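Only one chain comes next, encoded as structure tokens, the form deposited without the named molecule.
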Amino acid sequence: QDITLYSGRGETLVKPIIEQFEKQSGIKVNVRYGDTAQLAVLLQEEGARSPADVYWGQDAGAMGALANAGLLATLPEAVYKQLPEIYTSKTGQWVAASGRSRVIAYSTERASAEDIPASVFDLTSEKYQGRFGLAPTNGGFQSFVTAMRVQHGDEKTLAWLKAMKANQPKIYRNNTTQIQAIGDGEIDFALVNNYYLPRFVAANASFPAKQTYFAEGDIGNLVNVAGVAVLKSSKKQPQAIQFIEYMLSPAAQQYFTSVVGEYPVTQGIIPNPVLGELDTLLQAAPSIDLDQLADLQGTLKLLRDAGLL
């Protein structure tokens, strides 16, 4: 038996996972690799004639487009009902395989956790002037801005963006260069996806940065996800579901957090010390319908309006 996976996740991550799944299950996985969003476009063009059984992406906005388009099969309750609400479609059309959240990284040499305000909205304060980075071309930042628009609307979001720009940020290409800039002394704070600093700490346990959360429920703690779903058109849904269940198994979850540096979605996983306990993430995370992150174009407009793009 064999299934077809459309994977927005990179092969260096995917291949060890699918190879071990194949060895344990006897099911061969044929993978089409691509960009998460472009593969969602392709699925919509293929419609009911898609060869894909499983879609595994790393941005909730593209998954939301597929959910809205009616292309995703409802998963068995046994797969999704035990998962935290931040990690599953409420109606079971997809589940997170790992968590890719927003955090604030800070300098351990020039700052401390006491400098972290209650809300990401508070970073417009003069206390932070000239001390933070921004990567407005980064997909994680852009999806975070979409989530801010979903929760608070465009006028509050645009006011924040303009005030962040009026505070005097240093602009960086991506998350890695922001974390490097913290260590280099260019900035003291950065808004980043959670899984980059663990790389730095793995190469240098003493790297002078930590990362943490804003107050409970703040939009600055948004948990984006590497979501996985079964296509309605699939004629091999039992095997597709078996693949998803494998990715939720303890070995794969431990791999996601110890090797990839992403949060696990189940209990029973030894934490990555840079990330801390899953219970703390669940307390920190805002309640956001991740399917509503599909509206990238409205967010890019706001960033252009604010002069950040």
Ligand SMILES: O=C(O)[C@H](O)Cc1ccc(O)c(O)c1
The other form holds:
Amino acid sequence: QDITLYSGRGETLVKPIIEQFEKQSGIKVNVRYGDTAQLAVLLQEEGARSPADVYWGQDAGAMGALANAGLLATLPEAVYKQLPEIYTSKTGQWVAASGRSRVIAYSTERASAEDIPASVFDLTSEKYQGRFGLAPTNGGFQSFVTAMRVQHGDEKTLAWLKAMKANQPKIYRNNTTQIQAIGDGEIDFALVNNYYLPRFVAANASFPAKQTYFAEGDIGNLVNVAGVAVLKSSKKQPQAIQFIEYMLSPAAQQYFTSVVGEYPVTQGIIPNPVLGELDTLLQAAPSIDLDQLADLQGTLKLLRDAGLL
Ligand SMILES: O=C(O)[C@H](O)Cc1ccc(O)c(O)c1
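Okay, that one was the form deposited without the named molecule. Can I see the form deposited with the named molecule bound too?
Below is the entire complex, every chain and molecule, led by the chain shown above.
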């Protein structure tokens, strides 16, 4: 037996996972690698003619476009019903294999957890002027802004963006350079995806940055996801589902958190010490329909209007 996977996830991440799945299941996985968003475009072009059985992406916006297009199979309840609601389609059209959340990183030399305000909205204050770094070209930042729009509307969101721009940010290419800049003393705070700082702490246990959450439910704690789904057009849904269940298995989940530095979606995983307990993330996370992150173009418009792009 074989299935076809369209992977928005990189081969160096995916390959060991699919190889162990193949070894255990006897099912071969033929993978087309690509950009998360561009593979969702391809799937919409292929429609019912797609050869794909499984789609695995690393941004909820693209998955949402597939869900809205009617291209995803409803998963068995046995796959999704036990997962936290931040990690599943309500109607069972996809599940998170791992959590890719927004956090706030801070200098351990020049700041502390006490400096972190209740809301991401509070970073426009003078207390933070010139002390934070933004990466407005980062996909994680952008989907976070889309989530802020969904939760709070454009006017609040644009006001925040402008106030953040008026607060003298330093502008960086990506999360790695933002975190390095904390180490280097250029900035004391950065809005980042959760899985970069683990990489620094693994290469150097005493890297002088930690990361943490805003208050419970704040949009700054958004949990994006590396979502996986079965195509409605698949004629091999049992095999596709076995693949998904493999990725939710303890060995795969432990790998995602220890090696990839993303949050697990299940209990019983030894936590990455940089991330801490899954229970804390569940308390921190905002309630957001991730399928609503599909509106990237509206977000890029607001960022252009704020002068951040
Ligand atoms: O494929 C990748 O680049 C990474 O696994 C995921 C990633 C991390 C941080 C980002 O800002 C991003 O856009 C993607």
